[PDB]
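Each chain, letter by letter, is given below.
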Amino acid sequence: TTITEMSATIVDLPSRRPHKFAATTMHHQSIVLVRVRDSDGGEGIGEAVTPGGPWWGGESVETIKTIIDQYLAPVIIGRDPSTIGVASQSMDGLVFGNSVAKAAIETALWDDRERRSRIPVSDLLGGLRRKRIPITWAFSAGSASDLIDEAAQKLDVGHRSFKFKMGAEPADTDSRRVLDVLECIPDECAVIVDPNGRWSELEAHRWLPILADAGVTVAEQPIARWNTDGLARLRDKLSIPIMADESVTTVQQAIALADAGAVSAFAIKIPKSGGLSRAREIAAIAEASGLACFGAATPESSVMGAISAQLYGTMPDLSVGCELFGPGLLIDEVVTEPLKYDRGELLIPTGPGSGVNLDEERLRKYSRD
Amino acid sequence: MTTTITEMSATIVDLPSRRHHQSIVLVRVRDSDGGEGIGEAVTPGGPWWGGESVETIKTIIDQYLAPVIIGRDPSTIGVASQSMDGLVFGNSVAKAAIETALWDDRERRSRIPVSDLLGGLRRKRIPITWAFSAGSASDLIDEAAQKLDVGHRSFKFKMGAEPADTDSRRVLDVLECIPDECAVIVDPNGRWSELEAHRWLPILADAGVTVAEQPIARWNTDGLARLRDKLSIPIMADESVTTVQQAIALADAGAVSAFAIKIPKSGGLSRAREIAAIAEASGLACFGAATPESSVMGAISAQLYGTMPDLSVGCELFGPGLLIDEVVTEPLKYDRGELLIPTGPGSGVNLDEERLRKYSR
Amino acid sequence: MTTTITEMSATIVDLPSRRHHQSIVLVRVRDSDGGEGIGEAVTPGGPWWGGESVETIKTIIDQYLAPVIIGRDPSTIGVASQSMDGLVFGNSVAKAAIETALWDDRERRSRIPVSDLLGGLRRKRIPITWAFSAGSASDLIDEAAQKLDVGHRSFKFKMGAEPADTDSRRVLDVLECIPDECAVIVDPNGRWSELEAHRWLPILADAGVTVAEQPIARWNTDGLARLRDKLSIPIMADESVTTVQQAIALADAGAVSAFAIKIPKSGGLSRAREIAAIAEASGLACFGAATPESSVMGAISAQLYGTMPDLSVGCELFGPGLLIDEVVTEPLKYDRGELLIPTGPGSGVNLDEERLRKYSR
Amino acid sequence: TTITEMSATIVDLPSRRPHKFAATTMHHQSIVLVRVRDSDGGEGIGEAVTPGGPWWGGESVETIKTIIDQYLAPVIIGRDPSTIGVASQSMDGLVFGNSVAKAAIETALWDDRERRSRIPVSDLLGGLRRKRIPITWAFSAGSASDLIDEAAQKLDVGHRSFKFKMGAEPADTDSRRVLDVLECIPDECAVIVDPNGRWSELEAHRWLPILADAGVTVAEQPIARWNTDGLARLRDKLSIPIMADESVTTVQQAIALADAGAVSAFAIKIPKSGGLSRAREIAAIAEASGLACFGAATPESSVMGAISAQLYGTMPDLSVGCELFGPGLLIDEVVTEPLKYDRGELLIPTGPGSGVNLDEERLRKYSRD
Ligand SMILES: [Cl-]
Ligand SMILES: [Cl-]
Ligand SMILES: [Mn+2]
Ligand SMILES: [Mn+2]
Ligand SMILES: [Mn+2]
Ligand SMILES: [Mn+2]
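Sequence lines, in order, name chains A, B, B' and A'. A prime marks a further copy of an entry chain. Numbering-wise (PDB author numbering), the first sequence opens with residue 3 and increments by one. Just so we're aligned: the second sequence equals residues 1 to 19, 29 to 370 in PDB author numbering. Just so we're aligned: the third sequence equals residues 1 to 19, 29 to 370 in PDB author numbering. Numbering-wise (PDB author numbering), the fourth sequence opens with residue 3 and increments by one.
Honestly, the hints are just simulated from the structure, not real lab data. Note that the Cβ used here is the ideal one computed from N, Cα and C, for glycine as well. Accuracy of the hints is not assured; some may be wrong.
In silico DSS-like pairs for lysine-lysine, Cα to Cα no more than 30 angstroms straight-line [said to hold, decoys possible]: (1) B'/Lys239 to B/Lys239; (2) A'/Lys239 to A/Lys239; (3) B'/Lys167 to B'/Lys133; (4) B/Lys342 to B/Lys156; (5) B/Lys167 to B'/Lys239.
Just a few of them, taken from the derived set where beta-carbon distance is under 7 angstroms, the chain B' residues facing chain A [what the hints assert, rightly or not]: (6) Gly59; (7) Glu64; (8) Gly95; (9) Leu96; (10) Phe98.
Residues from chain A that keep clear of chain A', each with C-beta distances beyond 10 angstroms, as calculated [what the hints assert, rightly or not]: (11) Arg18; (12) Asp42; (13) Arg131; (14) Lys133; (15) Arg178; (16) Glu339.
Build out the structure end to end from the sequences listed, making use of the hints.
Following this line, the structure appears as C-alpha cells:
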C-alpha cells in the first residue's frame, strides 16, 4: 500500500468579518488544501494556513503550494502511508523550515491513518481527555466602539474568556483602546493581549502593568521572538504570566525557553510546529517543565481546526484555554460539516481521521483561479 | 457506553532462565467485546534497582490501580495514566505493565502493530548489544568469542558487584581479546564513588571502553556533569532518567551524553517515548535499553525502539534470548545477532495459555 | 518626488556549471532616470539549507516584497529593508537579492564601488579557499594537486552526505597528501550528532584539519560551546549565524571561535556587515563565506569582504570560477589562486543582455 | 587623489546661557574645528567637542589639537580620502583612546566624501528614515526658580520631552530641586534625569523611585561608568528604565552591557564613540539586543550636530528621543547655516556631506588666540 497522488490547491474562504493583525488586516481566509490518495482508494486531507500572509512566519499560500508540489512531494508519492515518522524526517532532510507546508502533509497523513483504521486521530494519540473545550474569543484590532458591542454580545452566547489582538498602532493609543473595552468586561474573565511581538521592551514594561491592573490576565508574545532575555525580565517584573507563541515553534525552542525560565506558557498550534507529532512534543515539554498550555489558533478553517481540536482534547493541560473560534467566523468551508460550537464551546470532532470530510463541490467552488 | 474494560488480572510468573528464574507480573485486560491486551511488569531482580518487586507490584495493580481501569473506555489510555498518577505516586513498573497492556489491546482491536500508532517503523531489524553478567574473567573471554562469532558487534560489561579496582581488572582482562573495533558500554549501576569513576574510567576507555552507563549515584547530577566533561567517552544516564522532568534537568545541566530508554522505569510507552523526544530536542543520544524483560515487554519495546528517531548508542534487548521458556505463543526472533521487530497486531505477541498456567506462581 | 523605482523584476536563471546547473534569481531595479541595479538570490541547491528556493523566492519578491519597493525613493535602502521585514518574516535570500540590487543602483548612480559606501577597501586581492565536493577519495587527491599548484593554500572539505565514520576516512585519505602547512576547514553542514563530532573531529584535527565549520545542528548552542572548549581547533558558525541576534547570542554563550559571513543568509549587505561588526566586538574571527553564488552576488560580496576589518579564517568565493557561463558582461577575475576585487561602479559588474535571455528559465 | 592638508583650530563660541554639569558650568562652547583638504580641492569639516573640559572623558580642546596635529595627522596626510576604514584603523594603531580627536577626523572624512559625491552622508548610510526629530530640552542645574520659567516657555514652543542635568550638589538637595520643577511639568511628558554617574548606589536607590513617582521617566547614567553590576541591580529594582551614556563608548562595552543585562538603553553620540561608523555599530548592537536608543548630545555646535542629526535620521530607533538642542543655544557658529528648529523639532540637514558648510570669516572671528 503506497501513496498514489497528492494535490495542493489554494482555497479562498469567505469570512464573516475582517481580521486586523499587526502587519495586515485579513479580508478572507486562504489555505492550501492538501490531499493524499492511497493505492486502495483512501484519502486524507490537510490544511496549510497562515495568519494572512508571510508577515508572521515567512510562509504564504502561494509558496506553500510550490514547496509541497515540487520539493516535498518526492518523499510522499510512492511511500508507505503508515510511515509518518520517516515521511517527516524525509521532509526535514529536503527542506529546512517550511513548517506550515510540512504540517499540511504530516496532518493529511494522520487523517488518512484515522480513516483507514476507521477511528479519530485522538485515539492514535491515547484518547480524548475532554469532549468539549471552552473557546477564547479574539477581538480584532478594530475600534473600541465596535468591540464593546461585540464583547457584550459574545458574553451573551457564553464566553468568559477573551483575547485582544494588538500591535497595529502605537503602544499608547493601542492600550487606551484596549482599556476602553475592558471597562465593559467583567472582572472575573480571562483576558490575553497579543501584540504579536511588535512591542519594545520599554513599551512592554510601560503598558503591560497598566493593562494587568485593568484586568488583562496573560500577555502573549509581547516582545520580539528572539528576545529570550527580555521575555525573562518581563516574566519577573509582571504580576501576570507571559505566553510564548512566535517564540515556540520547535521542540528545541521549547527547551531553551523552559530553562532560561523565560515564559509562563506555550501557545500550542499545529501549523507553526510543522505538524501533529511535534505539536504534542512541545506540549510534552510544557508538562515536563511545568508551563501551562493554550490551545492556540492560526487561525484555520475547519480542516486544520478539527485535527487541532482533537490534539487539544488529548492534551493534559489547556489551563490558559483554547482559541479555536476561527472556523466559527467562516461563512463557508471545504468540509461537509464544520466545527460545531455551543454556548461558547467547541465540541471535539469524533468521526474517523481528523473527523471532517471533504466537500468536493465546495473545494471546486472556492479554489482560487 | 461503548466498549469498556470488564476485567483486569495480574499474575506473578516465574520463567526459567540461564541466569535461575526471571519473575514478571503478567497483566491481562479484557474488553466487553472479548478482546484482550497483555503487558509485563519487570524488575532487574527485585527492589534493589527501583523499589519494586513482583509481589508488591501485583498488589499495587490489584488494589490501588484497578479501580481506575475497570469500567473505563479502553481508548482512553491518557486519562488512565493520568488517573493512575493521581492515586499512586511512583510505582512505574506496575504502571507500565497496565499502560502497555492497554496499547496492546488497542493495537489488537485496530488490527495494527502499536508501532503504527507511534507513526510507523523507521527500521525493521535492530543490532543487539550483548551484556555479560558480573561474571568471572575466563567465562567472558569464552562467551564473547561465542556471541561475537554469532554476529554481535556491540557489548556491555555489567559492573558493581565487585570492588571497583578488581572489578576493573576483570573487565580490562576480558577486553584484551575483543576487537578494538567493537563498541563497549560499562554499567557500574551507579555503585561507584565519584573518585573511583575518575580513576578507573579513563583506564577502561583507553582499553577500548566506549560508553559509561550510570557510573555514579542517580541523584549526582553535578558529578555526572563533572565526568561528561573530564572523560574522553560519553556518559549515559539510566537510573537517572526515569521521568520526563529528569530527562529535562539532565539536558539542562549538561549532565550526560545519552539516555537509556526503557519502558518499565519510565512508566509506560508514551512516557519512555516522551523521554526520547527530549533526547532529540537536546541532541543527546538514545540507547534501546533493557530491564531486562521477557517477550511481552520485549515486543512492545522493540516496536517502540523501532519507531524512534535515534538509537545510535545501540540496543540491548537480548533478554528474551536468555529464557528457556516463555508465556507467549511466539518469542522474539533473533538473526545473526540482530533483533527482528515484531510485526503483528498490538505488541505483536500473544499468550500461550498452557504455559501461562505452567509458570504461574 | 525625486527619483523613484518605477520597475522591479525577478527572473529565474539556470546557469551551466561543472557541478549540472546553478539556479539564481536575478533581480533588476529601475530608476525613473533609466538607471538600473542588479542583485542575485541564491541557494546552495534549493530549500535543504535555509527553506528557500528560486521558485518560491521569485514569488515572495514579485508579490509580497515589491509593493514596498515600487514607488519609493531608491536612496532609502534602510526604510526598504525595514518595510520588508514588516511584511515578510524570514526569506533572507529573497530580501538580500533586492537589498543588494538597491546598493548596486546607488553605487552606479553615485559612480562609485559599493565598497566606498562601506568606507572603502582595506584590501585589493583576497586568497581563495578551495572547497571540494562531497566527492570520492581519489578525485580529491587529483583536484588538490591541481588547485594546489595553481596557487590556493587554503581548503575546505564539504561533508555530510556520507555516514560520519566513512566520511572521515575519505577526508583523512585526501589529507595524507596535502602539505601539513595548509589550512583545512571541515563543514558537515550541521549533519553530525554531538557524539560523532566528539569522536571524529579530534582525529581530523591531528591529521591537520584547521577549522570545524558548523559540525552539529544550528540550534545546538550548548553543544557548539562544549565543542569550542573540548577541541584543539576553532569552531565556526555558519547555519547558526544568520542574524545579528544570533551573532550576539553566540558571542555571549562563548559558542564559536569564528563566524562565516555570507550576504544571502544574512538578508543583505548592511546585515552581513553588522554581523561581522559583532565578530570584531567580541574578538571572534570572520570567514568570507559562500552560498555559493555567481558573479552578481559574488562581486558585491567580494567588495563587502574587501571592506571588512577581519577576514583571517579566509575566503571561499571560488563559486563563480565553477561556472561555464554567466549573465554578466565580465565575471570575477582570479589570479594564481587569489580573487581580484571588483572595482567599478556599484557591485562592479553589469548585465550581458544576450546571456540573461539565453539562460532565463 | 590624496589628502593634502589637515588643520585643527580651537574655536570658542558665544553661548546663550551658561550650562552647569556635574564638574563644571559651561560659559561658552569650545571646539576644535578639523579641516581636510584633498588633492583636487575638496574640503571636509569635523568637530571635536567636549562637555566643558576633560572632566567627562579625559579629552580637552587643547590636547585634542595636539593629538590631531602631532600623532594622528601622519596617517591622514597623503592618504586616499575614500579609505575611511583604514584611516580609522591606522589612528587606533597609533593612539589608544582619544575618541573625540578620532571622531573629528573620521567625521571630516565622511563630510569630504558626501561632498565629493554631492550627497548627504545619510545616503552613504542607507538613507534617512525620518526628516524631523523631536528635541528633548535639557535644563541646566540652575535653580528651580529659573527652570520653572524656562519649562513653561519651552513647553510653549512645543517640546513634550525634557532632561534635568544633575550631580552638581548633593543628591538630596538636587532631587528636591528637580521635584520642584516637575510640579509645573505635565504628567504626559518624558523626563530623563542625568547625574553624570556621580551618584552612589545608595543615593541612586533612595532618590530615583521618589523621582519616578513624580514623573521622571528615564534615568541616565546614575552611578559610575564602570559599575555594571550596580546598573543591573538598579535596572531590576526600578519602575523606570536606565540609560547608559558614559558606560557606552565602545562597541565592546555595548556588548558587555547588553548581555550583563545592565541597562535599558544607549545614549548614542558620535564624539564619544570616536566617529560615525562606530556610533552606528553601537546602535546596531542596541537593535540586536533589543535596547532602545537616544539621540544624545555632547553637546556640540552645528558642525557635529549636523552629522549627528543625519546619523540619528538613518537609525532604526530613537524611542528614548533626541537631545540635539545644543546648537539652538549658540548665538553664533562656524557654519553658513546652523541647524534649523521648528516648534520644538530639528529638521535634518539634507545638503551634501554633513550638510553644513564652513563660514571662513566666522571661523577666523571665533578662533582662539
Ligand atoms: Cl496569533
Ligand atoms: Cl551628557
Ligand atoms: Mn499569537
Ligand atoms: Mn543500567
Ligand atoms: Mn557551511
Ligand atoms: Mn549624559
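To see whether the hints hold, each was checked on the structure:
1. At roughly 10 angstroms between alpha-carbon atoms, B'/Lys239 and B/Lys239 fall within 30 angstroms of each other, so this suggested pair holds.
2. Our distance criterion of 30 angstroms between C-alpha atoms is met by A'/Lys239 and A/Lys239, whose separation comes to about 9 angstroms.
3. This hinted pair checks out: B'/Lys167 and B'/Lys133 have alpha carbons roughly 28 angstroms apart, not beyond 30 angstroms.
4. Proximity of B/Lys342 to B/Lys156 is assessed by CA-CA distance (about 16 angstroms); at most 30 angstroms being required, the pair is judged to hold.
5. Distance check on the hinted pair: B/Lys167 and B'/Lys239 sit about 29 angstroms apart at the alpha-carbon level, within 30 angstroms; holds.
6. Below 7 angstroms, beta-carbon pairs count as interface contacts, and B'/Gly59 has one with chain A at about 6 angstroms; its hint therefore holds.
7. The closest approach between the C-beta of B'/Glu64 and any C-beta of chain A is roughly 5 angstroms, which is under the 7 angstroms cut-off, so the hint is satisfied.
8. For B'/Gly95, the shortest C-beta to C-beta distance to chain A is roughly 6 angstroms, which falls under 7 angstroms, so the interface hint holds.
9. Here the hint on B'/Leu96 is kept, as its CB sits about 6 angstroms from the closest CB of chain A, short of 7 angstroms.
10. Proximity of B'/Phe98 to chain A holds as hinted, the smallest CB-CB distance being about 4 angstroms (cut-off 7 angstroms).
11. Residue-level check passed: A/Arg18 sits 37 angstroms from the nearest beta carbon of chain A', beyond 10 angstroms.
12. At roughly 55 angstroms from the closest C-beta of chain A', the C-beta of A/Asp42 stays outside 10 angstroms, upholding its exclusion from the interface.
13. The beta carbon of A/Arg131 is kept farther than 10 angstroms from every beta carbon of chain A', the shortest such distance being approximately 38 angstroms.
14. At the 10 angstroms boundary, the C-beta of A/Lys133 stays outside the reach of chain A', the nearest C-beta of that chain being 43 angstroms off.
15. Every C-beta of chain A' lies more than 10 angstroms from that of A/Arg178, the closest at about 12 angstroms, which supports listing it as non-interface.
16. In this structure A/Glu339 is separated from chain A' by more than 10 angstroms, as the shortest Cβ-Cβ distance comes to about 46 angstroms.
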